[PDB]
Amino acid sequence: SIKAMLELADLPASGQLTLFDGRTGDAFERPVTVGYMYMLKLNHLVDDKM
Amino acid sequence: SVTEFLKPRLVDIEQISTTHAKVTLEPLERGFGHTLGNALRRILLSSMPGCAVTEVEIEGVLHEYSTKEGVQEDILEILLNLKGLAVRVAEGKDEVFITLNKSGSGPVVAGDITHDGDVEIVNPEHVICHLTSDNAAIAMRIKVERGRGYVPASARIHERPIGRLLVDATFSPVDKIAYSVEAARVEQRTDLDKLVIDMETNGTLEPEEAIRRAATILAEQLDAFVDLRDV
Amino acid sequence: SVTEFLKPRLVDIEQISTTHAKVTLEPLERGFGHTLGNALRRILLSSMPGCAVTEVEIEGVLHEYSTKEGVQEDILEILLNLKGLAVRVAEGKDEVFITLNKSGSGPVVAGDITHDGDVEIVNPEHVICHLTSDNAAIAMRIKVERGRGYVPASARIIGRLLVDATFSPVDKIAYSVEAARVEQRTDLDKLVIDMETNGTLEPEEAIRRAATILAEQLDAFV
Amino acid sequence: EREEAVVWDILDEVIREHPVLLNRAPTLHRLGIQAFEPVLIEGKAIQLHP
Amino acid sequence: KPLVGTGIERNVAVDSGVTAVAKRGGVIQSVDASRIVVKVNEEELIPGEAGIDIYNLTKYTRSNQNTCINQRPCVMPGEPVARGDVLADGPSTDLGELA
Amino acid sequence: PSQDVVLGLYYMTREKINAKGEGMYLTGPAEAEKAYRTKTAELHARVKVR
Amino acid sequence: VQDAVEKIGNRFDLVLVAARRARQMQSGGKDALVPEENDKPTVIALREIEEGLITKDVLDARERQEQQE
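Residue numbers (PDB author numbering), protein chains in the order written: chain A, 1193 to 1242; chain B, 4 to 161, 166 to 238; chain C, 4 to 160, 169 to 233; chain D, 402 to 451; chain E, 697 to 795; chain F, 502 to 551; chain G, 6 to 74.
Here are the simulated PhoX-like pairs of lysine-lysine, each with C-alpha atoms no more than 20 Å apart in a straight line:
no. : chain 1 : residue 1 : chain 2 : residue 2
1   : C       : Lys-96    : C       : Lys-146
2   : C       : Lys-86    : F       : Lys-549
3   : B       : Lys-25    : B       : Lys-201
4   : F       : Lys-540   : C       : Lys-183
5   : B       : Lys-86    : B       : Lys-146
6   : B       : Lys-10    : B       : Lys-201
7   : G       : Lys-45    : G       : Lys-35
8   : C       : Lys-183   : F       : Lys-549
9   : F       : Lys-540   : C       : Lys-86
10  : C       : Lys-10    : C       : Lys-201
11  : G       : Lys-12    : G       : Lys-61
12  : B       : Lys-25    : B       : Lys-183
13  : D       : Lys-445   : A       : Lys-1233
14  : E       : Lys-719   : E       : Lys-735
15  : A       : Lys-1233  : E       : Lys-697
16  : C       : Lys-71    : C       : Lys-105
17  : D       : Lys-445   : A       : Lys-1241
18  : C       : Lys-105   : C       : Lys-146
19  : B       : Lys-96    : B       : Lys-146
20  : C       : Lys-25    : C       : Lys-183
21  : C       : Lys-86    : C       : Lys-183
Chain C regions said to be covered by chain B (calculated; three or more residues, Cβ under 8 Å):
no. : region
22  : 11-18
23  : 210-220
Okay, the calculated beta carbon distance ranges per label pair:
no. : chain 1 : residue 1 : chain 2 : residue 2 : range
24  : G       : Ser-32    : F       : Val-550   : 53 to 61 Å
25  : D       : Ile-434   : B       : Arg-167   : 46 to 54 Å
26  : E       : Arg-731   : B       : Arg-167   : 29 to 37 Å
These aren't lab readings, by the way, just hints derived from the structure by calculation. Beta carbons: idealized from backbone N, C-alpha and C, even for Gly.
Go ahead and model the full structure; you've got the sequences and the hints to work with.
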């Protein structure tokens, strides 16, 4: 189902894209897994811990 | 010959939309396309001047974490929406004040802002807030400043009257840059390349102008190496 | 101002030797160190004009894998030794033929190459090969052209033996970006370039030439 | 308290060669406390060598 | 919202009580960032009742862990709502889904 | 070293069959770096180095 | 600190002698025998020990000479 959804969205079925280094402009030698993750900001802040 | 290279020229400009464009540089020697593309992408994404909202003043509002009658959005949401305003200020002015008064139910958008003729709103359909009552009214005084980079409200060096609301300003008009190096058919040579730069912006800055500013910055930084001496 | 930018104020050039140098430039704006270093590296490694050995004729040797009697080194090792030959050619001359003839037992070096006076050898102590037998002689005809960058033999594919062409005088370039500060702005960049050339050019002159090429490429837009 | 610039220069010259001891609990062995030369960084978190 | 979810977020958002849920159906008479006024439907009226449901929203109230508790309207004036529909989203809620 | 340092040193020192620049002769590590930066030879190309 | 501990022999004795030299240069009016190069007294004392100018016997001899005068 994930591969079918990727095919529908005109994206690689492996989920890996070709990324280029911003500093040099050179493509990375191997495909890199790129996607979207749900990330959280925990209540452990360096403001309250210094 | 070998010593002498061929200098690229701006041969094509394409405006797919107000916020999207393509610029073509041709001809380029072997390997210079990637060098120029990466340098121009890094300069364009970092050091392009622009104009952004810095201060807002709303009648009857003392702080951002508040509410106004007849408005669906809080003042924080209104300021966040104002952060996405695309404003072009005529050259020679680094500071301008615009004014927005609106009464009656409906979406208060960027096209209702009254300017002095030296300010152009690139996105008149940008929704700023919503008025949910016929008696509701909004009156705001917005400050637009020219700058470069990202200047948060805290970073501004410190009287400021109660009611003036600081807004974090992202002055850079450039959002996305891509570059492709393709084959170019010039005379009988095959080694010559062509650089196509795809720019997605807010519409404030012209593509050709941005290219020239990036080239000027790169040349000015290179001048140190062109005249290498111990200083 | 929006158009004003920080320019280097401390540029230090330290010379390890006549061919090795280290240039430190500070301060630079955020991200400019990588841009300048990468652009300079690509120009100095793949776009610098220069002169290098391209082809060789060896009497009695037909293929690169053929064997010659009396030489300690194999043919490929001789070709590699020929590659590391710092050669200067007078302006206006693109292709030049030189010759090397020597008989005896001992090290055949770059100082035994006879040229026309339009070719200067920077390293006459460079060893080309070794002759083992007193009855063994070597006769070679070397072609020196003018080109840009590093073009290997494979990319350029009768008895003609191809030599990898190191046209660019730059033998090694490395760049590092460290943190530098002025006033309370601690996000500035300091660029350190370690450079080593073959001897044809000084590293600072090579950096100047690369910067000149890069700036001249942008003249149509500034 | 007013955080002048020359205060920052004085702080730079104070810690120029003043070692500082870094510790992480639990201290199972003596390598759990080590001396380092400090480098001032704009931020709120200590940067540790890998 | 979480793009990849499990389908449980709505239950948590509704049952936590941080959101403003419609006690009775009807049409939203008035919306403002601090007050939602709903005109109750004719079929769901107690005899001799006013017919107005008023929801006053919590705005920027300190929590037990010093975090903002804020309710944002997700309705528009004139649109129909039913029983159990989310009228305002509390902290970490997007259109009735846990965010 | 551990983790990313070990992974990088492992990847740089691996050996691949029929890579770009296989069988080339190099004067030294400097020429190997020059060949890698010019995209002449890959990191895993089998060569002969002085 | 490898050179200093090689010249002195023991890390603890090196620390003690360097501390005495640093207190002499800081609290007292003694001047460094090597260029300071904008260094703290402890580092200057360590450099002096590394160069071999300062040892426990040398410090004791200098103290005896000062006591005599």
